[PDB]
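Engineer: So the chains spell out like this:
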Amino acid sequence: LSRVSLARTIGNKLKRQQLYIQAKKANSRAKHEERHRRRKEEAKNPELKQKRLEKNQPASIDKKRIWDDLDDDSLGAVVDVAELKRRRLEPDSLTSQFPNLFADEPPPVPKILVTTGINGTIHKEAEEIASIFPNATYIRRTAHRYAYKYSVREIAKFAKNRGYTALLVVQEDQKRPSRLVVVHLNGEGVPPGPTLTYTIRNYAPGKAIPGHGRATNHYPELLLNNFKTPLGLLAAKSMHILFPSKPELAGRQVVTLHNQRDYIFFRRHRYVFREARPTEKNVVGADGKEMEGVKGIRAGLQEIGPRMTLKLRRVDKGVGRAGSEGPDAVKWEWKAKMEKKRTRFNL
Amino acid sequence: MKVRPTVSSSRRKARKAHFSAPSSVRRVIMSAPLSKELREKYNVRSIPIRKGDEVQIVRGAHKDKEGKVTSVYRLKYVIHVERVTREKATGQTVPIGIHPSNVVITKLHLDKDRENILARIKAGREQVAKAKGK
Amino acid sequence: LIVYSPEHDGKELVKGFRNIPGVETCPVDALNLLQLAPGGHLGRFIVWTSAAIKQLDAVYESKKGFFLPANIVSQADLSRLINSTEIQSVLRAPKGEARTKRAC
Amino acid sequence: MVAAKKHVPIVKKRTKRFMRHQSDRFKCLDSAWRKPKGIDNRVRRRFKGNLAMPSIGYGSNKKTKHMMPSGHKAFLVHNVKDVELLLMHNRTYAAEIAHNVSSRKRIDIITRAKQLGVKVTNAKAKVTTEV
Amino acid sequence: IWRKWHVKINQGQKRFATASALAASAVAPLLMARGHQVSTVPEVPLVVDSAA
Amino acid sequence: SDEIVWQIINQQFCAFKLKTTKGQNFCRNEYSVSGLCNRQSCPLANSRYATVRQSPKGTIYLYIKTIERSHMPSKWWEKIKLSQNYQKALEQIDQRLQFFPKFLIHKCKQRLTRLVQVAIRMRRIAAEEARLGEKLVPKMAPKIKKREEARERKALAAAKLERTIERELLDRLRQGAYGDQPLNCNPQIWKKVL
Amino acid sequence: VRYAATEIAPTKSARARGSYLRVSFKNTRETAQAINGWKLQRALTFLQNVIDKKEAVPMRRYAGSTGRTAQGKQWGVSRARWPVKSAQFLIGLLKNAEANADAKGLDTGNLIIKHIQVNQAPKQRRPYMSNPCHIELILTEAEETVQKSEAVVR
RNA sequence: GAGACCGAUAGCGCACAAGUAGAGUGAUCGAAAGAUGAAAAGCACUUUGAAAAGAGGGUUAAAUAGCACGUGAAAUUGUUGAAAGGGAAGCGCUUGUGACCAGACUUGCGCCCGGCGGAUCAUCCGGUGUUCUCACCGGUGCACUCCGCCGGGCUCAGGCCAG
RNA sequence: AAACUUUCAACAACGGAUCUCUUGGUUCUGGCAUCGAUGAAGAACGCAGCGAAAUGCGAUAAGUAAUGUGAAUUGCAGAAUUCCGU
Ligand SMILES: [Zn+2]
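Chains as they are written, first to last, in the authors' numbering: chain A, 9 to 98, 180 to 436; chain B, 1 to 134; chain C, 210 to 313; chain D, 1 to 131; chain E, 106 to 157; chain F, 2 to 195; chain G, 2 to 127, 138 to 165.
These are calculated hints, taken from the structure and not from any lab test.
A hint or two may mislead.
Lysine-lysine pairs mimicking BS3-like chemistry, simulated, CA-CA at most 25 Å apart [what the hints assert, rightly or not]: (1) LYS110(F) - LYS6(D); (2) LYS41(B) - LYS51(B); (3) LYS21(A) - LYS16(B).
Please take these sequences and the hints and turn them into a complete structure.
Structural biologist: Have a look at this one:
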């Protein structure tokens, strides 16, 4: 029945259903005895269980990832950056295109300004996003309903004069945070750098999370996981530039941005190292299980931050589209044609 | 519009005849256009496909893919093309169905009956052009 | 709707207009109300021919038992009937205006 | 000054729907109003403490009939040509974009209404703002 | 089957109605009230030459 | 026969008639001074008529229809350019719609008024939108939203998020990323690591 | 706006389902309510004691006057019975979720039953009707709380 | 060959195993039952365990489309959250409290000064179409006029609720 | 304080309404006139590797002869059977 559809070969519906019910009872009975005879033979000779497991392994979309089988990096080429250096031994394009993010030494204490969408109503959601990044302040975009309508381009000029490093705008839809626009103001003479707009889909505050906790003013430790492409390395370095470089490693606070299949899962936990409880299993590693040296102690976790899932939609030369003026004004613009195949992961 | 009384404009009778057709008249339905080079040489637009025809897919998700016909499945109105395949769950590669109207024939499989088909279409197309011209 | 004369134009014009969507063909001897007033709404666009305009007097004369009906109104422009020098010379002075001021 | 014209105050004589008798008790009876017809029906004879019937005395003022709280009358709009019909009536009417209008066509309508000074009831349905 | 499908109309009333439809076709407002995109023809009866 | 034409349009059918439930009827004809289906502002029923329209180059024209050319709809309206000066443009209506019905004189001035303020309103909101740089764009389509909702669910399971955080945090303690005598951990826990 | 209580993370959870189970819906609903919000090891001992006729299941909603034993003093309900097939189906479902938690790498000794739910299956068309049921259940680790650092002044 | 017919409780009893399955000694009586997906790509492999069942994982645009299959109403039922109650309560009028949701006028015009630029300005030149005096292009310029834009200055009008 | 009951909301069931579809029915019209002792209509028994609550056929048994077309059949097995050819 794997190669034939009973619907397109049996016109009578009721006769087809019984033949499928007889098929389900037959196959489920057959699979049980075949796996039980295998379990009996595995007990005597355990070597064949090792042979069966190494040959027959489950499929993964991550292991079927399609890379651009070519050279070159242009912030639009899907390629493993680390495997390119390893092949070269046997990212210059990013540094030249974005000298400010990938320079030698960042400013020590970044100053961050968070504002809302114009005449927004998400003040409590934006302030909690301001508490995510240390040394961040929240200012509403418009004072009254009938107030002056300041532009993002203006505020980028205003905050750069005052001394801020980045400007964050949280755009709302259905009175919920929906887009995160990250603007890099930089310092001295270099212009306001790249603008990275994201999408905040599953927003949940810490109050909604069961068994949560408060955040202390300690600078968190940054975990930027599973970024491999040239585009991902820019998104990783941009999130790096917002946080302080030296973490206060006494608050035991960790902020994570994990990229699983172009979905940047964001969390904020606080941890403690503790000995493993006797009924608990040791922490395993992939391909090299039973992680050595750390055997028998586990890291507990308690969420203290907002839940959100981000996805990168556009990166611009300057501040927004109106503000990027050259012929390379739009750097990388997400379109749905790129996600046509499920194994194409852009970042 | 239709004129002759034997012709029917019934959607019911048309859909019944298409899906209950014999394989002889399934062959005429299962026909494909010829290429620009083949049109300007045989003076023929469209012939039914047979197994030996090298063809090119021009519609669908397998656009711009060229190959030889592997099977002419008339029961499901499907041709099969070399190396146009997908994997099952088990990993076994199965042919993908392309309708004959989504391909253009690049090279014919020529036998004596095929030149007679190509001559008869050219004879009629030349005749009416002469009748219209003069 | 193309209206033609089968006596002087022939029926070859019917075949040329037959495939063009929307356009319809009708001889001047066999005018159809379903085509002249589609849906009961009056004012069909008609492309006459010169031979049909000559025949139009004849085909409506040859209809026995019928003559072109006499209207019950000779001048259908009512503004000419009312705003004329002959009507307006005899009228009484206007007893009021279009809007009446509220007294109390 | 972009608002509706000077209108007399809107007074609604009754803000509550007339509910069908015993519609709260039986799920087969919809809440839509049906006049009772039994001769011993306590609603029909209009005893006190029972549901009132609709009547022409509840009729709203003819100057403020069909008026939204802002003072406008809703105008159902399907494309850009319908908004331009409101060029001379931008103080009396408001544009209500129909529910089966696409995303792109709505932005064309919303842009046109802003240029014409016409209020849109639903201007944030299938749209979003990008900087 | 023996429902009344066809309607008898007097021949005088049919020819009256045809005479009114012909007269309405000579009126340019009534053409565009009927939905015809008639803004380019240079004469509303629009008599073409039979020789063409 | 202007009264007869009104009787067919009003009572039976007009292709330009839009009927609303709000009590007023609307005229969809592009040559109407007010988009309403009353007798005084019907381009069809009124053999002599005037209207004001705007060209996309920005020029406002006065369209006058006379009865003496009504049999040819191609040569029906005459287009007469109006001045940019507002008080001069109002005087052209008074000069050229002389001896016309007062309604048509009045509604042509009001249509002239509305078209001039829209151009000012156009240039104001174009200047403000060029300042903000914000643009309305369509939201995500239903099918794409269904796709990202499904593929985020699979990415969340494949992440194994709290396991990965624990795995990476224990990697840094092993590799000495926290430095000697760390404020992160418990000193009876480090002596287990050696 | 309001935000609903978000779900506890799937890698801290464990799920098990049972569909079209030939077992009475009224009995299984009363059996599942007895063990809702218990420890895993607490529930497996209780349901095995119901099998061995030791501890009884109280009847609260679909309650029939069948037995009045002193075992109901621990529940406060005077009506009690011994659902055997309902305990057996729920035991195999709880053991399934314990195996699922160990495949996902969870602590076997600290699962609680935060979610149990019994629905109705389609009736088996034979004047006599059977009443099968669907059962689903979710286990999670107990919520672990860690200590806060002392806040630093600056 | 058709239709101002019906659209799966309809239309022939039968869109499908239909005079079938089934009932009666017999003459006879006589149902219910359509819809995965574009394509079976009809869920490989790991792991529970005795099953028309799960948890992973995969196919697909989508599996909350998995041969129980388009959409998937109501009666009825379970879990979670809020509130109430003890033969109460339910409906009508009127507040109050809590929870959730929404978000008021769409918020503008007019003068004066300076600069810049186009014109419908110039008794400027050339061309096109026209209803034959009206429109539209191309090239010239800023003495006059009129529009815009930018930079200053000034004034007015603004929706609702109170006193 | 539990439980129990009620109302509301989210999620999950049950059930198959609603929308959409239609190799079916119904009704009308038109062309034509053809069952059987040369054994009809109807009733059985058989013929296919896995087959019916189908269809075709008759010990030449999912068919043979002859003519035409021109490269298949297909749910899986299986055919050195056929491709410038009775
Ligand atoms: Zn009208």
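Engineer: Each of the hints needs a verdict: does it hold here or not?
Structural biologist: Going through the hints against the structure:
Annotation: proposed proximity of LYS110(F) to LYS6(D) holds, straight-line Cα distance about 22 Å (limit 25 Å). A distance of roughly 22 Å separates the Cα atoms of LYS41(B) and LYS51(B); the hinted pair therefore holds under the 25 Å criterion. A hinted pair counts as satisfied when its Cα atoms are at most 25 Å apart, and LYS21(A) with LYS16(B) qualifies at roughly 21 Å.
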